[PDB]
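Spelled out, the chains give:
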Amino acid sequence: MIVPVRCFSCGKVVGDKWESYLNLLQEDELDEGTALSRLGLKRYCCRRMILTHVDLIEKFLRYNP
Amino acid sequence: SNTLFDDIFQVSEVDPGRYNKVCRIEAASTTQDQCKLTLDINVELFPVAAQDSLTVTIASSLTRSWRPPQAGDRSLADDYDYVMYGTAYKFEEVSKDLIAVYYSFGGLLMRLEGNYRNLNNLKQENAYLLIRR
Amino acid sequence: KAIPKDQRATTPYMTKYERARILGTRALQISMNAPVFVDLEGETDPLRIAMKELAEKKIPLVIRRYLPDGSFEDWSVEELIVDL
Amino acid sequence: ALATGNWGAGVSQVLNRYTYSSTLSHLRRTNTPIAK
Amino acid sequence: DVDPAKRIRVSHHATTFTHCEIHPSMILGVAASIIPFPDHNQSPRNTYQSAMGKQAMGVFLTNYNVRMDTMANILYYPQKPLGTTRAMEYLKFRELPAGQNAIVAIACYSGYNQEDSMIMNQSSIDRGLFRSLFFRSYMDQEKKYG
Amino acid sequence: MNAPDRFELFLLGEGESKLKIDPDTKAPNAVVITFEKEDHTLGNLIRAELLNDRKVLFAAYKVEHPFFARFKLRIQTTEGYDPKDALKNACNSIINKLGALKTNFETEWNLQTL
Amino acid sequence: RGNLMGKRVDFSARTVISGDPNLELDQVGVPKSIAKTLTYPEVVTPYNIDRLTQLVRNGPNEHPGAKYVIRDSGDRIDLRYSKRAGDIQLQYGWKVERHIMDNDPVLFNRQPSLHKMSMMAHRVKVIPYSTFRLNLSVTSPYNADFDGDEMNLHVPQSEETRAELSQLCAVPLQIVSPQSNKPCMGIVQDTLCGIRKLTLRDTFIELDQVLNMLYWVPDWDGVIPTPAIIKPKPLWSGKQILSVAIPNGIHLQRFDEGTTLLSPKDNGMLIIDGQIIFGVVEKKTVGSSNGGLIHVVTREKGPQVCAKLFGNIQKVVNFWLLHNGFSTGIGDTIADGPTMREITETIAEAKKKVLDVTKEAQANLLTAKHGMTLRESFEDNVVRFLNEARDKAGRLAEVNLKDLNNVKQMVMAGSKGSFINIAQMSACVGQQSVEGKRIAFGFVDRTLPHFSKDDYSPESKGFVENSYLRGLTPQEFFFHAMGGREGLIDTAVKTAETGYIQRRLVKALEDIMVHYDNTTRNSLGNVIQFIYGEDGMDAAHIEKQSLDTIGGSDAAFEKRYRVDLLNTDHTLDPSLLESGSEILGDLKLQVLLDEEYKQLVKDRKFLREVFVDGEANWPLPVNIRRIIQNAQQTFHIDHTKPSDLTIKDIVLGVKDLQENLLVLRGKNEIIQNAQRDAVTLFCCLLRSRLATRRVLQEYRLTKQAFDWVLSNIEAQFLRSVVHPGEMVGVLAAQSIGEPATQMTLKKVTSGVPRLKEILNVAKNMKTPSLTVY
Amino acid sequence: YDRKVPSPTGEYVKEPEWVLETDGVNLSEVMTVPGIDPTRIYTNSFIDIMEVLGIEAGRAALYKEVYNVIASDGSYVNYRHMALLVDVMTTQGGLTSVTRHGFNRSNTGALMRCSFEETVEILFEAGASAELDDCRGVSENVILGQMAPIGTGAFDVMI
Amino acid sequence: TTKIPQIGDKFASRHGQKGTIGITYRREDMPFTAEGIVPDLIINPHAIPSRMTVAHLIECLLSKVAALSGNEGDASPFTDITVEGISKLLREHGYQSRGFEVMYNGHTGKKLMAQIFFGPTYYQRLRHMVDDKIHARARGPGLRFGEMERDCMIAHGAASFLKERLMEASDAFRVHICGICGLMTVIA
Amino acid sequence: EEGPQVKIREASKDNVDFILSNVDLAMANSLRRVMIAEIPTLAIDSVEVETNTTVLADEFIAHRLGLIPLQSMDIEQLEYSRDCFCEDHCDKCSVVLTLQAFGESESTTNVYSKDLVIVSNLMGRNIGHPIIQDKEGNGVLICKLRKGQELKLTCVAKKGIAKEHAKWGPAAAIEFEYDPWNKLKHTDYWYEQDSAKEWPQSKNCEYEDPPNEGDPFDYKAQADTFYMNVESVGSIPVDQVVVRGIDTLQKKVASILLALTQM
Ligand SMILES: [Mg+2]
Ligand SMILES: [Zn+2]
Ligand SMILES: [Zn+2]
Ligand SMILES: [Zn+2]
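Protein chains in written order, with UniProt numbering: chain A, 1 to 65; chain B, 2 to 63, 76 to 146; chain C, 72 to 155; chain D, 460 to 467, 477 to 502, 509 to 510; chain E, 722 to 867; chain F, 1 to 114; chain G, 337 to 1081, 1092 to 1119; chain H, 1287 to 1445; chain I, 970 to 1110, 1127 to 1173; chain J, 3 to 265.
These are computed hints drawn from the structure, not numbers from a lab. Since no wrong hints were added, every one of them can be taken at face value.
Simulated crosslink set (DSS-like; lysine-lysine; CA at most 30 Å straight-line): (1) 977/G <-> 37/B; (2) 510/D <-> 775/E; (3) 941/G <-> 1290/H; (4) 199/J <-> 42/A; (5) 20/F <-> 254/J; (6) 727/E <-> 1057/I; (7) 199/J <-> 744/G; (8) 205/J <-> 102/F; (9) 129/C <-> 431/G; (10) 62/F <-> 185/J; (11) 76/C <-> 1003/G; (12) 94/J <-> 253/J; (13) 62/F <-> 253/J; (14) 801/E <-> 1057/I; (15) 187/J <-> 744/G; (16) 59/A <-> 775/E; (17) 26/F <-> 123/C; (18) 185/J <-> 1057/I; (19) 938/G <-> 1300/H; (20) 149/J <-> 801/E; (21) 620/G <-> 22/B; (22) 705/G <-> 1300/H; (23) 254/J <-> 18/F; (24) 185/J <-> 102/F; (25) 59/A <-> 972/I; (26) 37/B <-> 601/G; (27) 880/G <-> 1290/H; (28) 1300/H <-> 895/G; (29) 59/A <-> 813/E; (30) 187/J <-> 569/G.
Bound-form chain A, shown alone:
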């Protein structure tokens, strides 16, 4: 279920970075740790937000109707 909009603990908007993130990984073959820092996610509260997310909306979409 979708990237949280905003990190729980401080509110840094973290909803506009899912895709950016998944890209810094795939093509730029970066470690999760470096990707995050480059998305500007410096505090661990903000980090755990993206790192820990599971994009279930992807398997949710796979059902026909």
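Here the structure of chain A is known, so what remains is to put chains B, C, D, E, F, G, H, I and J with the ligands in place on it, guided by the hints.
Using the frame of chain A, we list chains B, C, D, E, F, G, H, I and J with the ligands on its own:
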């Protein structure tokens, strides 16, 4: 409106048993080998160490709520540096030719040994402890 | 089976259960707009009031203490000492 | 039998479904009727 | 020579070994396989936590929307746990997690978290922390042999 | 279900006033002000300011229960100095101070590049 | 019958509890919604119409509102569906079933209810969210925690019923229970932890904070205490203000292992006039202990004042703890490098002994103990080596723990933690066991298929050498699993079998009560105890006191209580007494003194025939020691001038007092003896304390202070007598059955199993035994 | 074993002494054996103490025993309570168990928790055998709308 | 429905220790790190010792690490992962090795005298929430009152309360009885 | 140039590191709290749903929409619905946006906050505008649609403050510190052998002079100088949070002065 005890002491020991701000001073008076002192001090606001010749005074003066400034330019029983307030609780016959005294300053303890004091030491709460140099 | 005002051996004092049932009853009556025998110092609560009437030994009630044999003793609220 | 669970008892139960692991854990379950 | 910081193990005084465990952590069941460091944990506590995992919320199926059952709790934002287990992978736990990586603090604060109560960050409850969906469903039919 | 409306933290209800001044009984020249719809922000701030006034003999505040956005502030002053005035001064000071800060910060900000 | 089982429950509610540091000991937080639901039928009155009318106007769904209005003719006006809700001119006599409001008495209880304390009465306080809230200190009487427990609120419905709650079972009136014969509630968790920290000598508080603390105490008299330090910086001691919380005229003395009116370690406890003079305030002083600040204040200042004492303390101490914080992490579970070393060998040599003892047995050099097998005495010795290894490894660990170590801190204050914990966390976990033996050979001749047969080493049969911090090994993890499990299995049993017993005890004594003839009988009128507890006393008015007379040498006994006016040396030095000089030689007075001293000796002999131990400390009503200190500073007595006390005043005063204690009043031969009996032990204490020398040489009392004390003792003694009506049948049962529901574990049957053995009068006991002398 | 004993000077002295602990019982035949103080001999089987020394002894024993069970937990409980237990368990000359002996009674009436739903056959039988109910039980008085003669209701209030 | 975390709700970590909420504070009141991080949850230190629940502490320390470095923390049971090694990694990241951190009080801004164990831990959300158990029966004109609560009330000696509770409000009736044969055979 | 003075270390569209000196810990602290919770901001606070064939529920989507940051520079002139005399809302106390998205392609259609369409008259004031700081310009991912799923919504954003709901939070996370060296002694460090070696050091240390081995404790020193850094979600310019925050706190104390007046 009085002064109850005056004398200079030569501190022989300074003990810090797990207290980062308080120590136990056990000094031996000057002159009378009879007189001996035990005290708790805030080595943080007023340091102390080996064979220091500290002056000590008791009295009961300069209980209604406490006030702070203004008198800063009025009363100055500040002729000393370290100063405490506390209540006295008991006099014990240390048997013989010497009578002791236990003082409690909100926790910081004090024991005094002598004799002429029977006349110089109160029988009630009030009691300030002053120290200088 | 009755026991004369003299010969009473029971306690001179009021037990908490007794002082608890009196305040109860009395309080009840007061709640039922009953004649009050005290001068309110501006008190509104009935229980509160009953405690005062008890305080001023002004409660015409009598406690009948039953022994287990069947006999009994009658003590007037007024006598009973109220310490607790 | 499969609806009730009374062969002829407790066998057969509504599959747990609160959490994915709670379900796994239910299919991996055991029971002992009735010296240590 | 031996890292002191490591647990003390006995030895391999054996020249008769017939078999060898695939891995010792394979003595735990489903529940226990989700506990981090159950080996640095008091014996019973593991049995309590095994029971509670069943009382937990999260995605239990990626098709909950298409299902019609008496009650179902879905966690708004499930989260794979930062600390895991080489065994969680076969229990597809990171896929259908239960739980959320909350930023905890062990401290005596307002006195409002004694005898097992917790102080929870309101502002985060707002931004979505721990919200869940609740789905109940009733059902009925018509007559019988009438 | 038994949760009050969030806006009840800052919006005064019916018959409530930002301030209630009851005269203290225990000590002389003492007062207890009750601030409604205000938390520590204003509370701890004013006790601070009030404590610079050498004519303020006593000054503290408390929020008796975190469920209610309100707090009491007690203020004792020397004889002949109305505690109300003591509060008025602290408030002014708290402002002039924030006056300077707002000014100085904007200034500094205007010299920044980026 | 469906009503006798309380099935049809009216006017009650139930929800989750959650603690609240700002509720008073006797309150109970009620969620607004629940309050709007529970009602109380209040008749209209010249003194409440105003209020009652406003509630009716507020209606059924705005808290200080109401539902139904009942008129003279028993009619029921429903304020939610009624064309005349905006009208209604309430009348004297009508009833307005209001909503529940603040301060209403209500019965609150957590199940299972095995006490009285598990069903006490609180003042309501309507609050916002949806959980019943209560003061933390009320936690143990109920035996509740906040991991989701639920509790029940009951609402009295009559004016009689209400009083019965507020006057009989109110929370403050239960603070000192008659079961443990001490205070049932103390200070805990955060408040206990903080009160220790706040109390160290090292702890100082400056003006900014001192003032906020002072204000937090409601009963505070707005009088800032003078700083303990006035020098370069006026600073206050943690004790200083915590004393603000303590009411005046409260005296307490402690003296722990090394305490000495100078407590170099800040040991013991010394409070005078409600001012703490020395000692760190921890569990012993403020927990639920026998001589505690609580037990005392309750008996001295009253239950309501003691109720607020919890509150005031938890307000200052909890406020202080908020701005200092306390915490706990792994760092706290780590031992110094050298310490781990000294521990890793302490175990290593422990294994050696085990190894040797094995080689010795394998050679058949072991000589079995008496009645034991070579095999049993081997296990016995091996187990002993390992537990001994576990304990010394532990003390090693416990020792480095700095004064900073948060875990040590929680252990020092007495709020969670214990050697066994630090020992198992930081150093070795221990030997696992099951059925009082090490891991058996469930597999043939072995523990697990990872070992060879006939292997009795420690690794093999259950020893866990590692710590929780270090982690268990697979083999360790499993045995431990086997043990911890046994701990779960019987915990389940111990729970059941006890709940059984407890209910079964209540059945047998539920009908026993104390009657107006001060007797204890059952429903049949049969006598069970001619005097309750044999002394007619009420357990809650009893305290442990020491009868000085028993102990010591006959010599000290004489230097103490002996007075001989006819003898220069051993007489009353005229400094003690006014008529001391002119008494030297009074023949007629000696007769009195001699008759006194004789009585004291008869007593000393009697006490030594009752308590063969030589044991002097026993619970008895009226704490005399106190009444006296309560004379030392109430009349400001100076131990300098002589007393204006007559040797008769004392001797004849103390002698008359005894005529009044009274537990029975029968005006006949039999009862008058009972009276003498029931009072015998107490008088022994009385006579030993108010003995002529003592009252003159030990505590220079004056004819007034003494005349006061006498007067006082009589009062306290009479308040301590049991009230006819007390249902001691239940009390007793519940008093044995609740402390039995906490038991959960040198070879003998103990615990619930044993108790069940006893209560069932089982002829086939498991651990018989004869003890011959 | 240790044993505080009086000294000829008066103080109590720890005067150690030898004691035999046994794993089996035969009180009757061991008291007789010479060399032992038949006065101090003890057993934890109160049932045997009673049979050899009389119920009053048994009572003391039974208490001494109940005590240890609690004491062994560090716990403490006021004498009056266990004492009362021990007495109820004794007043009839013999040791009576409380973990439910009778299937009907222990000390109740013919109305309290009218169990069996046979308040039907119970009332018919109660009429047959002129039963006299004392009405001292809480629930019996409930059915009469009265307070039972306990605490608050153990005395009448009058005008 | 959408159930949002309420004061009485149930939560638990994975170390056999559940625990309801006892209040909620807004980020400004919560204690804060110097970086500006503030907690989501605040459990009581007093719930650790007696529990021997050390894995919890490790998991947290290990988690602070994983987050800080974008790695996945391996908390499997029988590995060689140590508290020491993890502390080494945490320290490289600039944080004090055992998890402690200087924090400030939200009301005052002043520092907290003690440092606090701060970091992420996995917490679960248990079902059966308060707004599902609030039941409050009143119908004027557990939760049952059984033999057990009845006994307690008798101990208290609350005689009249027991009458008011166990009874069924059926309005007391008035009858005239004969003193010789207790039957209601009196013509009044 | 008077009491509270500022020294800025860094600045940007999102961050501002500065040093506050000649200020009590109090003011420094309140000012901080204010920012975190008492500064007006515009946020979607009402959502009407026409069509939702998405795999997310309505309240789920709605919660995110309320979370999407929106311009708020001219809020100081937009009104609080509860104060506007209209019946519900209007261009005087709100901003209405609309979100219409339809799964067209078979490549999974993403919905972003840039698909929000303001339909009310913004009356020339800069306010209400999905904020976007993305590289590709898609300010926050709202939802995902498959083959042919719909999603028709109308959102009404209102002037709000964090206290009511964290969404009206424009401050992200504040860095606070003072007395980098424990000179003041407001903390008792927990050590295991050497405190000074176990606890790292703050970059603020660099900006203050060490303690010097044998100097006695300065019992008269109080807390001066605070090293802060205010982050910003965007809804408002960094420099603005600080200012408005100071404004708000300033107006608050003002209200107490007015209150004593009316009194
Ligand atoms: Mg519980
Ligand atoms: Zn964040
Ligand atoms: Zn008749
Ligand atoms: Zn409008």
